[PDB]
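S.K.: Residue-level listing of the chains:
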Amino acid sequence: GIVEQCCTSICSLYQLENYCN
Amino acid sequence: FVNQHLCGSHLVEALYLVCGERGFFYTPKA
Numbered sequence: 001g002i003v004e005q006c007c008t009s010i011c012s013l014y015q016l017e018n019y020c021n
Numbered sequence: 001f002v003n004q005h006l007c008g009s010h011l012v013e014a015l016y017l018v019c020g021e022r023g024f025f026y027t028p029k030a
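For the record, the sequence lines run as chains A and B.
Taking the entry's author numbering, the leading residue of the first sequence gets 1, the next gets one more, and so forth.
Taking the entry's author numbering, the leading residue of the second sequence gets 1, the next gets one more, and so forth.
Simulated from the structure, these hints should not be mistaken for laboratory data.
Using N, Cα and C, we set each Cβ at its ideal position, and we do this for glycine too.
Please note: incorrect hints may appear among the correct ones.
Claimed, not checked - What follows is a set of in silico ranges between Cβ atoms, one per label pair, in the way DEER data are often shown:
#1 B:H10 / A:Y14: 25 to 33 Å
#2 A:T8 / B:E21: 24 to 32 Å
#3 B:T27 / A:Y14: 16 to 24 Å
#4 A:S12 / B:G8: 24 to 32 Å
#5 B:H5 / A:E17: 25 to 33 Å
#6 B:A30 / A:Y14: 28 to 36 Å
#7 A:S12 / B:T27: 13 to 21 Å
#8 A:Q15 / B:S9: 28 to 36 Å
Said to hold, decoys possible - Chain B side only, calculated, beta carbon under 7 Å to chain A, not exhaustive:
#9 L6
#10 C7
#11 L17
#12 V18
#13 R22
#14 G23
#15 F24
#16 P28
#17 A30
To be verified - Which residues of chain A face chain B? A few of them, derived with a C-beta cut under 7 Å, are:
#18 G1
#19 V3
#20 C6
This is chain B alone, in the form it adopts within the complex:
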């Protein structure tokens, strides 16, 4: 689920499920 190559919207989708109501921040260039 979380253990696979996750790029683009797939990684934004994974972060969304994991952080839940905590939110997250996506910064590809950092």
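Extracted from the complex, chain A is given alone in its bound form:
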């Protein structure tokens, strides 16, 4: 998940847009 990918580790613009509508 977005918590694992962007919070417990470092986020990226690439993974952030996978969560937009």
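Place chain B on chain A using the hints.
M.R.: This is chain B only, laid out in the frame that chain A set:
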């Protein structure tokens, strides 16, 4: 900006700026 540890309201704030008028969905447990 987007490249840093983003947790809680910080990640909800980042998603809000990036998705813009597209919206987004926050599901911590998924």
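S.K.: Could you check if A:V3 really has its C-beta closer than 7 Å to a C-beta on chain B?
M.R.: With a minimum Cβ separation of about 5 Å from chain B (threshold 7 Å), the hint on A:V3 holds.
S.K.: Do A:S12 and B:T27 keep their Cβ atoms within the hinted range of 13 to 21 Å?
M.R.: holds, 18 Å
S.K.: Let me know if the C-beta of A:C6 comes in closer than 7 Å to any C-beta of chain B, holds or violated.
M.R.: holds, 5 Å
S.K.: Is the gap between the beta carbons of B:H5 and A:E17 within 25 to 33 Å?
M.R.: violated, 18 Å
S.K.: With 7 Å as the cut and Cβ atoms as the points, is B:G23 at the interface with chain A?
M.R.: B:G23 check passes; min Cβ-Cβ to chain A is 4 Å, inside 7 Å.
S.K.: Does the closest beta carbon of chain A sit nearer than 7 Å to the beta carbon of B:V18?
M.R.: holds, 5 Å
S.K.: Between A:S12 and B:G8, does the beta-carbon spacing fit 24 to 32 Å?
M.R.: About 18 Å separates the Cβ atoms of A:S12 and B:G8, which means 24 to 32 Å is violated.
S.K.: So, B:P28 near chain A? Judge it on the closest CB pair being under 7 Å.
M.R.: Check passed: Cβ of B:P28 comes within 5 Å of chain A, closer than 7 Å.
S.K.: For the hint on B:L6, just tell me whether its beta-carbon gets within less than 7 Å of chain A.
M.R.: Where the cut-off is 7 Å and the nearest Cβ of chain A is about 5 Å from B:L6, the hint holds.
S.K.: For the restraint on B:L17, tell me whether the closest CB of chain A is nearer than 7 Å.
M.R.: The hint is violated - B:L17 has no Cβ within 7 Å of chain A, the shortest such distance being about 10 Å.
S.K.: Using the nearest Cβ pair, does B:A30 come within less than 7 Å of chain A?
M.R.: At 5 Å from the nearest chain A Cβ, B:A30 passes the 7 Å test, so the hint holds.
S.K.: Is the interface hint for A:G1 satisfied, with its Cβ closer than 7 Å to some Cβ of chain B?
M.R.: Check passed: Cβ of A:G1 comes within 5 Å of chain B, closer than 7 Å.
Checked against the numbered hints given earlier, the structure breaks hints 1, 4, 5, 6, 8 and 11 and satisfies all the rest.
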